[PDB]
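Starting off, we have a lone chain in the form solved without indomethacin, written out as structure tokens.
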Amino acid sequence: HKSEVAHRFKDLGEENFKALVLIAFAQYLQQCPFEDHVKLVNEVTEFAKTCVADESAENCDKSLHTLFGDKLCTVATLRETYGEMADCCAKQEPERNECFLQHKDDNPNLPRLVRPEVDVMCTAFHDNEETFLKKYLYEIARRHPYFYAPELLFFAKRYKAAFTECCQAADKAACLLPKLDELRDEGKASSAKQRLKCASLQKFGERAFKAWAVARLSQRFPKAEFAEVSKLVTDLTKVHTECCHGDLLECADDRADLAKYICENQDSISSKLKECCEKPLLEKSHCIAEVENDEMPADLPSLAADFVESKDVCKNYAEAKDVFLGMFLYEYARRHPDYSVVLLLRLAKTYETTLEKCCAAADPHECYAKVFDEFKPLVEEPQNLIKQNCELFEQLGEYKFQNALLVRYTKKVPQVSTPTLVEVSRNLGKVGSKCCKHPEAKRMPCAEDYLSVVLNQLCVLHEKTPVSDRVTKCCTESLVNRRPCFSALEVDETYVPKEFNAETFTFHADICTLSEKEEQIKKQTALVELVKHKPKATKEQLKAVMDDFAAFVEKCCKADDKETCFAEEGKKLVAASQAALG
């Protein structure tokens, strides 16, 4: 209509409109208290009601960017609080929005999240459900300025459901706390993925993202014609570029436009969009993004015919290299949803390389004949790693598998800080228990998802604390070969053992009153420091000390005087270990 505010309000819903407006303003004004934002939201809401009533009231036909900016400049203490952001309020559209976007340093140290007792929150929730979820969004929004506001709304919907059920049950802490921790982990995991996707765009460029998207969309929509997948990738690239740039308004519009188009052509894209295209406008974008892979046509031509066996390959390559390479990805990706996107890019990379030499050669059809024998090792490598690692995950527990990784990676890079080694290994153990549950046809894509974000946190951690040139090489190299680089890491033979530190290997009765997580991390920290001090001790000898130490703790914890038991007999264990490890 004449006004956009009216449409959006009516196209979305008052309560959802009031939420997005709250997040939108909270992401910029990361200082102004909660009560201030509520006033900002109400003023905007009432204004939108005026726009809903009169389709041409005072400043009602203005664009969202314009209207948003005007209200953002209305704040009194703007240059007196945020600093350079106020110079943007002296500009005009569309440069003013571009300004605001620039001055958005997403690292303003804020008071750490203060989680009270389980009953005070439940009481506050019940008294005012609406405002309890409003304060949730505010506190999160200002802490994650680049977090996609709609995605934060699905995190608030789960937050309500958790509190709605767990505040009614007998043991509220044995329902809520675990559910709250899971969300907090899911939230940081979602955040990390967005910032990784964006960092990759600002490193390898649009063409690189396009290649990633083709491979992924072809896996999800293995029926959709190539011309359709290309058009979806072209829209996804523009959507991803405006979201990484920091424009929530254009990001949310382009996502809505794409969600609408996908839902209007589902018969020509996928049959698995039936229930996603049932939902409201805002949930369409989210549902479609996590949509299950469609079944692949059984009557598919052999992909080796049009790319190797054919004698028009070089001729069909010359016409449009990227189009032809895109078709190769499309055909390979849709035939192999059990492959990681990263593996398919290794194959797509290899094929390009081989066509860039063999097509300029004397006899091409002779040169690139055996190109599919070059993929076999590229495919077998990850498959062999998964099968070998998932087998070992069955043999031991989850915690016992983490101990195996602890030893494995400490021996490889013993210079890395214990906490980084513990955090990485524990996370990597949880990948095993969340992927090995599936069969071979789901494991690799499952692994890729989790490994991508686990390997990036390590790379970010190591960049703040540079320690190994090898780890720097792995983090700075091609994103495709990131995981292979870490896999290829050899045991450090140069490394000289850390000297024995009594403080490091002294435990008390205090450990008995630690949660399973706390206890495990204390024990796993001690294991890393054992390998850093005995890096050439065998899996045999480590297992011996670990078990001797495991039996040691589960022998005085809940025993007649546990304070002396863990000090007196604890010293004997150290001495008993110091006899077998020189």
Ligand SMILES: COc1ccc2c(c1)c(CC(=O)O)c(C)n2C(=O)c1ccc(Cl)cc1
Given for the second form:
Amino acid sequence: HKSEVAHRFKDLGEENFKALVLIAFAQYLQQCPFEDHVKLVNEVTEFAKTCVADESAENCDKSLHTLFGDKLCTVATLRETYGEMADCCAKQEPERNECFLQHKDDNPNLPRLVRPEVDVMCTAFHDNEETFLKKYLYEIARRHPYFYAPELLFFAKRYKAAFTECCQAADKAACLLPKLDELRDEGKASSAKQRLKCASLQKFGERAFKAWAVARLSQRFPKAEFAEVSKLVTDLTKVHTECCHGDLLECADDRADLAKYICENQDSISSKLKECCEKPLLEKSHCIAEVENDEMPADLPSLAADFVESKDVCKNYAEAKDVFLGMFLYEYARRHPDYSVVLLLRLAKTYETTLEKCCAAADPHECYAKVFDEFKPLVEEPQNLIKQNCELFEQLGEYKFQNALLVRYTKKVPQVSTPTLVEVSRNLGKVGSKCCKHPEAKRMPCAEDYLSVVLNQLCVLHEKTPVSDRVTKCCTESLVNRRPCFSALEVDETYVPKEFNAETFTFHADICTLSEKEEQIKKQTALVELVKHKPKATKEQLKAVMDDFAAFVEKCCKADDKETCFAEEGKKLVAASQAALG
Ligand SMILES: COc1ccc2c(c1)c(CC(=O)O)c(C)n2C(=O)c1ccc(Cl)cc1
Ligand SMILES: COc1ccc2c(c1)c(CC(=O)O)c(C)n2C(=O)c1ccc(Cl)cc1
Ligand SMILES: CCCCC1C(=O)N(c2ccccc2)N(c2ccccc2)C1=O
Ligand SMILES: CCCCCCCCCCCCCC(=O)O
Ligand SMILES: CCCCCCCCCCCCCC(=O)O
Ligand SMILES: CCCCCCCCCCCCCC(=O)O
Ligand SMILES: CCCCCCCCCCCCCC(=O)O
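Structure of the form solved in complex with indomethacin, given the form solved without indomethacin:
Starting with the chain above, the whole complex follows.
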């Protein structure tokens, strides 16, 4: 109460406090060495303990923003290292804090972080767990200044858990490696979603966010009253608006409040918030944001009652348009947890466009009478794609499914670079393996979650190295139109084939020692180049070539003087293949 530092220290706990303070400093002073930050953390922690012992001790009354800023301005090489940022220190709070936010660089120039060999890690881990973990916490945090700290803390613990379980295993690598790769992706996805959610808010505006949230919060809490959901969407919008601005403290308090509000009213929101609400102040938010959907009420009316058959439709709509559309969304979303949020938005958009026409016409009811028929094809498009694509993935495996997508998209946008096409298709493939395992009722929400990040990543690259107007149309298109726009792309009739290049199709024995992962990316790269050269090739033609290449390899890696083989049969394969594809 009287001392903020003392208060947070007591809430968080020493360990958590020390880690958060470290992350906080690493995100601002992204250039200072690790031992320098460690020094700061200790100084702040010691200060904190003083305040815990006596809330009236010097400076214990200062605000976290103030203490933090002062400490920051302490750094002697502040001007020589961060130049312009040092001028913030001449300002008074809150301009000082505001000034610091502005100079935090989003994408700093730091070397890629390379993964050491399992044995060095595990020994480092054992020989000095604290510094090994904090050292990486530091390296990761300085590279993602915008990654919400507590979230970064949750990942660290997932990492600690992996080293503990695996560094004792019989086959460390067999245990750890796959774990590290899983965490990396989750970390990447989490980072992407965060940037995405804020970028989306800037572009599309508050209304669109509120809509997306109404739909999402309604699928998850089907039993809550519309007024509660509204209350929540309202507060949730402030929270995200604030958290995007970047101030960790402000963000942290807004989220905490929201979580407490939710827990106090849990029995009037959802029956699934029990476990989450018991957890520590530091984990509540995270938990709730991931809670599973509650059971939807058994006795639920027909949507057509209040939205198609009622006589006061246009009257209720004209009176408060967005509120009316929100109720529609609410009602429609909580009966369809199986729908993707964006799909629900499309229906809402459709119902809106209809009421706008119909309520201005002679006899409204007559005009908007069959709107639910409008929805049918809208709902079906995403459903057929899932069925069709999961079936294909069922037959072929992940890898072969990835090759299928490779041929499919190269033909649609041959202008894209081969490395980019490879990454996209591979990740598209992963989405297929990760979601197709789910029961049909949960597939769509799954694909949407994963596809959103992949589509955004694809758009960002392209944004930097523009290549196709079509991709640009889809990338800058409506939030709700993005995926449909890509789905609508057709083979590029215009495209002009790339001239043959012997090199591009020559292979060496080294391919035999390449890691399974790199072997594929090598074959898949050739495949893309193959299509870019012979775009009019049919599935039959291609499949045959791919079959030869397949054999080609297995054969040359299981024979003496491998080198000769590849260069000898290579002439043959390539010569025959060119002939078959005219
Ligand atoms: C070359 O392939 C990658 C891919 C993703 C990567 C990194 C390197 C690095 C390392 C680097 O920046 O060089 C980081 C930090 N990545 C993340 O996005 C991330 C974020 C949060 C967590 Cl918890 C874990 C991972
Ligand atoms: C509970 O309320 C929300 C609100 C926005 C959301 C999400 C959930 C989720 C999570 C989910 O879909 O369950 C994602 C991925 N959001 C966005 O990226 C986003 C951000 C801004 C706009 Cl304008 C539109 C969409
Ligand atoms: C743009 C992504 C939104 C994710 C998110 C979420 O689902 N909940 C959320 C969950 C249920 C009701 C309302 C919001 N809160 C959340 C906010 C503060 C504290 C705890 C959870 C979130 O930030
Ligand atoms: C998330 C904070 C805890 C840090 C633990 C990370 C230890 C593993 C080091 C490898 C990280 C580089 C990312 C990768 O390519 O795997
Ligand atoms: C500078 C010392 C204070 C450390 C700053 C970090 C404070 C974070 C408070 C943790 C609250 C969890 C919020 C949430 O649920 O997301
Ligand atoms: C508080 C409830 C507000 C809900 C407003 C409903 C709007 C539905 C249209 C979907 C918005 C996507 C943006 C668009 O393309 O128009
Ligand atoms: C001009 C024709 C050159 C022939 C080169 C064929 C390269 C395509 C790579 C085929 C890899 C398919 C993957 C697999 O076999 O599993």
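Rigid core (definition): largest C-alpha set, two forms, superposition within 1.5 Å. Positions refer to the first chain, counted from 1.
> Relative to the superposed core, what is the Cα shift for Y136 between the two forms, in Å?
Replying inline: Displacement of the C-alpha, rigid core superposed: 1.4 Å.
> If the rigid core is lined up, how many Å does the C-alpha atom of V114 shift between the two forms?
Replying inline: So the C-alpha of this residue moves 3.1 Å.
> By how many angstrom does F154 shift at its CA between the two forms when the core is held fixed?
Replying inline: Between its two positions, the C-alpha of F154 lies 0.8 Å apart after core fitting.
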